[PDB]
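Asks: So the chains spell out like this:
Number of protein chains: 2
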Amino acid sequence: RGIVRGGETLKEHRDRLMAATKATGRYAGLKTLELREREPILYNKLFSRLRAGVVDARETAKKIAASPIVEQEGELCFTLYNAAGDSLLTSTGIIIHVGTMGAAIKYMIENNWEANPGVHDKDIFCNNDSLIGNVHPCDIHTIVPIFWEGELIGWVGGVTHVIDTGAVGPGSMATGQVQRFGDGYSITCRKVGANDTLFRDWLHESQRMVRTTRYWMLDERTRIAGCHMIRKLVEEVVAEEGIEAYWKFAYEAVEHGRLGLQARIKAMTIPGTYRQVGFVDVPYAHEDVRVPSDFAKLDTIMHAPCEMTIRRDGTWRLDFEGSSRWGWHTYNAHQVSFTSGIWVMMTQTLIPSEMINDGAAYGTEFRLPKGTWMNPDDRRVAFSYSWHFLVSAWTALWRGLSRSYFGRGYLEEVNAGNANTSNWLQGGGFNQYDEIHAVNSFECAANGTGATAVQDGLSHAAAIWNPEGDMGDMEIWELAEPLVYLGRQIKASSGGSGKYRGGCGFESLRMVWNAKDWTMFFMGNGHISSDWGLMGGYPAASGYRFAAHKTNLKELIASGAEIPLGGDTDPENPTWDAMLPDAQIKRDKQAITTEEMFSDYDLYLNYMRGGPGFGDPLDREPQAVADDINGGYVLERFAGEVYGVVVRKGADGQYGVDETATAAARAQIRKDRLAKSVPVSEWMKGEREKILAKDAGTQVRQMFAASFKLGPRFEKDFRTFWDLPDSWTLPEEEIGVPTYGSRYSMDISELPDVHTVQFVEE
Amino acid sequence: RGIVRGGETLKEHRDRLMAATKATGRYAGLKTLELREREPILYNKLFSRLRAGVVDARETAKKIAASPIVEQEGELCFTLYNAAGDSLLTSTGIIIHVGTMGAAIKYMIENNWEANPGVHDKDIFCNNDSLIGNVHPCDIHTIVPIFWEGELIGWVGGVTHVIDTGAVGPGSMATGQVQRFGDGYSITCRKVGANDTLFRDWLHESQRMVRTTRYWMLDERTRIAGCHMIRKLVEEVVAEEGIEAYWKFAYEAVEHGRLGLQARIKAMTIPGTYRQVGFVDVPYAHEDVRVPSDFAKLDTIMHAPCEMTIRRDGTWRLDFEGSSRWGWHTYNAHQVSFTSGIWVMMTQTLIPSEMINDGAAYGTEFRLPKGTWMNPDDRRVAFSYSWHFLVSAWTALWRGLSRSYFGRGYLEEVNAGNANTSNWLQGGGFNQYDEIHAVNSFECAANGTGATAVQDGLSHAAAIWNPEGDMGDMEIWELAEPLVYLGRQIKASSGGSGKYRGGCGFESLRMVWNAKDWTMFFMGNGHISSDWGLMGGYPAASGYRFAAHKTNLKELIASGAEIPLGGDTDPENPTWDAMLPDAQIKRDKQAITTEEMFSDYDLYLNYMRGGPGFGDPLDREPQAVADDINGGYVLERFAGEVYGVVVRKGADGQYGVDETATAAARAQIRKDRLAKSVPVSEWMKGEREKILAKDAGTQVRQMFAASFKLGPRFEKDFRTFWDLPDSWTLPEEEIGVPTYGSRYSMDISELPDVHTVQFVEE
Ligand SMILES: [Mg+2]
Ligand SMILES: [Mg+2]
Ligand SMILES: [Mg+2]
Ligand SMILES: [Mg+2]
Ligand SMILES: [Mn+2]
Ligand SMILES: [Mn+2]
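Order-wise, the sequence lines are chains A and D.
If you want the deposited numbering, it's the 1-based position in the first sequence plus 14.
If you want the deposited numbering, it's the 1-based position in the second sequence plus 14.
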């Protein structure tokens with residue numbers, strides 16, 4: 015007898031539901047929704063109680079944690095699933111894991127966990143394996159089955175982002191390793207407890223494979239608390255309303271979700287084809303990236319083109335033909351994490367007032383060619399900072415959707431896109447309590463947001479992976495890091511220029527304090543801004559590094575000399591560097607590094623990115639430019655060149671607008687634009703000559719060569735666009751950089767007894 | 015009710031036995047051995063059946079394996095334990111794990127595995143955790159409890175050396191990582207099966223955390239087979255002879271072992287104090303050691319002094335006060351692996367014809383100060399190539415014991431010591447079967463042995479960790495590595511010079527063939543020979559690297575040009591290098607590297623070390639020098655300078671002795687030695703001046719500074735010996751190299767619910 019209510023096995027149950035979905039186009043073959051249509055009062059009561067239950071689990075259980083990432087920032091999520099692993103309802107927070115935890119349940123279904131090791135009432139499962147769909151090892155899942163009268167009726171999943179998982183690099187978004195081997199403690203749907211009790215062998219092992227043991231332990235108790243709170247609530251709801259009504263809701267709620275997406279697409283968008291692209295930099299050639307494998311030492315660029323099709327029937331399709339290959343770094347991903355993040359974006363714009371569950375995934379088609387960075391075909395890839403690529407590809411999809419909104423008149427919904435979510439301040443060694451430790455600041459939960467068609471973006475406000483941004487309290491971060499704040503400031507000229515300006519980021523200056531045997535490193539975008547502005551707007555600023563060693567600050571503090579405080583207001587004209595005549599200063603574009611020794615009184619700049627702009631900056635309201643200068647959002651010297659606005663300082667020290675001189679400056683910039691530009695055909699003629707001569711850096715050529723091999727339709731498009739002869743070719747081997755993994759790869763499904771679950775066309 | 019036969023818990027049972035051992039000086043308080051004394055025929059029958067059973071398990075189960083390390087070389091072991099985790103009998107092979115697997119059982123005892131996760135009939139445990147005593151992660155243990163009528167009566171352990179465990183570096187003895195984080199998949203006494211059946215979550219997880227998956231899987235079936243063969247045999251023996259007799263044997267056999275050691279010490283040795291020391295090099299400053307942490311980039315030297323005391327009552331004591339600190343590399347150890355290796359040495363010299371079990375450990379006292387490399391006090395240390403330090407410290411103990419043998423007249427037992435067991439040929443990528451792979455050659459199972467007081471050492475014959483040496487067949491290694499042999503040759507002038515010559519090593523030249531996306535690296539002693547000669551003999555030769563890239567060998571082979579074959583006969587006067595005019599050749603002292611790209615037709619020299627010599631070379635039989643030159647054991651040019659023997663080539667091409675010219679050369683060398691030497695006081699005066707001026711390299715100064723801090727008795731000895739003033743000091747911080755971990759450390763016993771087992775004074 016199978017364990018699901020009614021007697022099917024888990025696999026029999028899911029296979030029946032997936033076949034009916036495929037045959038009918040409706041989730042589970044549900045052509046009507048009987049509970050919703052015939053018993054609307056009961057449908058709403060179950061919705062209300064269960065949604066309040068999952069929200070309450072997150073709000074309450076987070077008070078268990080010692081880590082501020084969980085306890086203050088709220089980087090956790092609890093989700094309720096039906097027997098087939100499809101989500102019905104969720105808390106807010108890090109909701110990408112609605113998809114990752116469901117995909118882990120489906121892996122158990124498909125690989126016969128029911129027969130061995132068994133799925134029993136009061137069991138506890140733990141999982142973080144990115145090969146079966148997770149974002150990265152630091153997002154740990156606890157999964158508990160739910161039983162009613164001896165049969166399985168659902169599951170509950172809880173996730174927390176933990177500080178570290180014992181990777182080569184000390185942090186969550188770690189560098190140093192270039193493969194799975196060294197990428198952190200990785201757990202594949204392990205049974206870690208039974209009879210509601212954790213096994214001691216699991217406890218002893220797990221706790222010694224991480225740096226931040228005590229923080230790890232309390233994050234685990236946080237996840238188990240919320241899972242058991244939700245299990246208890248489901249048992250009470252079933253006792254009170256009856257299993258038949260709950261059993262109907264558990265599948266109807268998903269189809270209701272799909273219906274909600276379809277309706278919102280037809281109400282808000284326009285049918286058609288939308289084309290867009292994103293990129294980001296991987297500067298691994300630099301000497302301060304000390305990786306232990308020579309085949310990883312090269313500069314590469316991520317490529318993510320998307321063809322987006324909205325159909326007349328309210329279905330839609332996203333095709334990533336042309337994308338670049340996985341690589342020897344920690345930025346690779348998986349079909350589940352990639353597509354779950356697109357679902358997260360949908361929750362922030364298309365479906366925020368519909369059912370928030372897996373229904374909307376069933377209403378979207380995805381094509382991710384096998385072997386690309388978003389659907390890799392090699393079981394050795396590393397994932398610790400998956401986000402570097404993920405957040406840089408998702409931002410372009412906001413631009414496509416915004417063209418539909420703009421065309422139709424829903425200007426309030428337009429958003430030029432998400433910021434790159436970085437820098438991530440990281441490091442390890444001994445802390446102020448004389449214990450082994452690591453740090454990973456979540457200040458980059460609070461980056462700038464994209465401008466709209468109606469108003470400026472928000473500064474220091476959000477991240478694509480959690481719109482409820484929070485930078486945390488300085489006094490709380492000081493309890494969890496051997497560092498002290500010397501500044502926290504809004505980041506001038508970081509927001510993307512436009513008629514409406516993208517949100518600025520912010521910055522903090524840290525001094526090392528009460529640390530021993532300590533190291534730190536940087537992780538974020540450097541040479542490339544991943545976001546683009548929309549309809550005339552510009553990208554946000556890109557990244558850079560500031561650090562200072564052997565500062566002599568102990569003596570400078572004691573003698574009453576000037577000391578660096580605040581932010582690095584104008585990095586082209588800095589004030590701090592001249593105050594530290596004896597220091598070794600690193601001030602450059604190298605926004606990715608591996609761990610380097612730091613001591614007490616050394617300095618580290620944490621810089622959070624801005625978001626992209628909207629519209630021609632020459633149309634910005636002149637008073638808004640003056641307000642931005644007075645408020646620290648824009649440096650005075652760009653008012654003239656970027657916006658054509660002339661400002662002058664009044665008697666009170668405040669800048670005001672010269673309206674006559676501004677009109678003249680803007681008339682003159684219109685003429686300058688015509689004088690400096692050329693017809694696009696003429697510029698194309700010169701660029702085509704460079705392509706024929708192979709005149710670009712190795713990082714540009716490697717990106718095109720790898721993209722061409724994985725995406726023949728893209729190669730054909732490029733050749734046609736640039737009118738290239740068949741005698742021109744770009745083999746990756748002729749560039750002169752290492753190309754390990756370009757031809758030979760071994761997928762996880764090649765190992766014995768492994769059955770992978772397919773979610774996309776590939 | 016406790017699970018041990020009679021109703022004691024595991025912990026109650028062991029604690030009672032250890033208290034009686036301490037109170038009486040006899041294992042388990044056994045003042046007489048009733049079964050042995052009153053029923054000698056039955057005692058011998060149990061011995062015979064059970065020893066044959068464990069020998070048969072090793073011989074038979076190894077035929078399961080795909081890895082030649084297990085199947086041909088026999089790098090596996092099976093051991094039978096009593097309920098308290100003390101060994102009764104063992105197969106031969108890698109018998110250091112008699113101690114490591116017993117210490118893992120004792121960890122389970124001491125940490126209440128009985129209450130959670132429980133210890134049940136037909137359970138399967140797996141373990142490799144070096145923090146609780148194991149050599150390194152590549153030695154995997156399977157441990158099965160043995161029950162009789164529902165109560166526990168013993169355990170069986172089986173170990174195999176596996177090819178890799180998914181460390182940063184591709185190999186068993188890996189470099190690249192500098193901490194536990196990246197040192198390989200580490201398993202802490204995990205329950206991996208029940209009802210004789212392995213759990214699917216364990217199978218899926220374990221198999222994706224290693225490169226050599228198929229080899230891993232068959233090594234696991236090998237261990238479970240032998241464990242279950244032995245469990246069945248114990249059940250049959252108990253059924254036939256009765257539980258009462260078996261229960262007596264299970265403790266008497268251990269005390270019989272202790273009695274055997276005591277008697278052998280009093281029959282073979284001399285009471286007194288013996289003083290000796292060993293060293294080895296860690297050249298991590300070199301650019302070809304690409305580690306990901308800057309605090310690890312420095313040159314250091316391992317220091318292992320030993321004060322050995324043999325008492326009038328036949329007890330003995332080994333004290334390692336003065337030893338150097340753990341470091342940021344893969345060469346650290348643990349009190350269990352260090353002391354178990356001394357027990358292995360004992361089995362090869364003192365007790366080979368006594369009971370081979372834990373009894374001899376109870377008859378030996380060890381002192382390893384906490385924080386030294388052999389008893390570290392930090393839970394972050396790495397262990398993948400523990401042996402580098404271990405084999406370099408154990409060799410000196412042969413010299414001490416040999417002075418007792420020599421003095422008493424047991425010249426047949428003298429041995430100048432064990433070779434350094436290296437090089438380890440390692441690497442990874444795609445193999446000839448187009449799968450992900452790693453290699454780790456066990457050619458260094460067959461190194462030279464130390465000379466005796468009666469005869470030469472054996473060439474290419476053994477290792478300290480397994481005296482049954484085997485180099486493997488070339489045709490078998492070619493099935494498991496994408497490499498082909500171009501040479502296999504005895505290594506001339508590697509054996510340590512003496513009246514009796516130490517065994518030579520051997521060498522093999524490899525060409526890369528049918529590999530893709532391939533890397534390789536070197537691991538062994540370079541600047542320092544760890545072994546010393548005895549009573550006038552010399553150390554074996556030290557290590558070096560030869561590798562060649564971009565060789566052009568495809569064209570050289572095809573054109574009929576000379577190609578490198580055989581061994582690198584005289585590395586001072588090489589022949590291969592001139593044959594490869596277009597190659598990039600690396601020929602130097604850097605015997606430790608991290609992974610480097612290699613391609614088909616590139617070359618790698620695998621060089622196995624020799625063993626130390628005995629006596630003044632001027633007393634060697636002249637014909638034996640001529641035989642050595644003719645046989646390829648010694649290069650011609652050293653006959654005159656080292657041995658004072660004059661040889662000449664006859665008409666037949668063979669070297670022969672000039673007996674008259676040899677007598678004259680030896681008389682003249684005696685005079686040369688007197689003329690070139692100085693009185694030891696005079697030499698001491700000049701060396702003391704250098705010490706006072708701090709004139710030595712950073713690696714020498716760091717070794718003394720670290721040793722002084724951990725060993726105040728050693729600092730006092732050094733100051734007294736060299737008559738140094740109190741104004742002279744050597745703080746580690748003044749050297750100018752990184753010193754992370756010199757003051758701050760956190761032991762595994764500081765984590766919650768961890769109870770460590772103590773085996774030594776510290
Ligand atoms: Mg492939
Ligand atoms: Mg498969
Ligand atoms: Mg003289
Ligand atoms: Mg403790
Ligand atoms: Mn996370
Ligand atoms: Mn081993």
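In short, the hints are calculated from the structure, not lab data.
A portion of the hints provided could be inaccurate.
Note: identical chains are not told apart, hence a pair may lie in one copy or across any two.
Derived pair list, reagent style DSS-like, types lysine-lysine, alpha-carbon separation capped at 30 Å [unchecked claim]:
| hint | residue 1 | residue 2 |
| --- | --- | --- |
| 1 | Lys699 | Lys730 |
| 2 | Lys205 | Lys136 |
| 3 | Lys730 | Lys246 |
| 4 | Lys45 | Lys568 |
| 5 | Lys311 | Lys600 |
| 6 | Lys246 | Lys564 |
Asks: All hints, please: hold or fail.
Replies: Now the hints, each set against the structure:
1. Proximity of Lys699 to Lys730 under the C-alpha cut-off of 30 Å is restricted to the intra-copy arrangement: shortest distance 19 Å within a copy versus 81 Å between copies.
2. Both within a single protomer and between protomers do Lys205 and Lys136 lie at most 30 Å apart by alpha-carbon distance, with minima of 11 Å and 19 Å respectively.
3. Proximity of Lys730 to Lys246 under the C-alpha cut-off of 30 Å is found in neither arrangement, the shortest distances being 57 Å within a copy and 67 Å between copies.
4. With identical chains, the CA atoms of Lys45 and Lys568 are never at most 30 Å apart, being 73 Å at best within one copy and 68 Å at best between copies.
5. For the identical chains of this complex, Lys311 and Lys600 are neighbours both inside a copy (21 Å) and across copies (21 Å), given an alpha-carbon limit of 30 Å.
6. Neither within a single protomer nor between protomers do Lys246 and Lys564 lie at most 30 Å apart by alpha-carbon distance, with minima of 57 Å and 67 Å respectively.
Going through the hint list in order, the structure does not satisfy hints 3, 4, 6.
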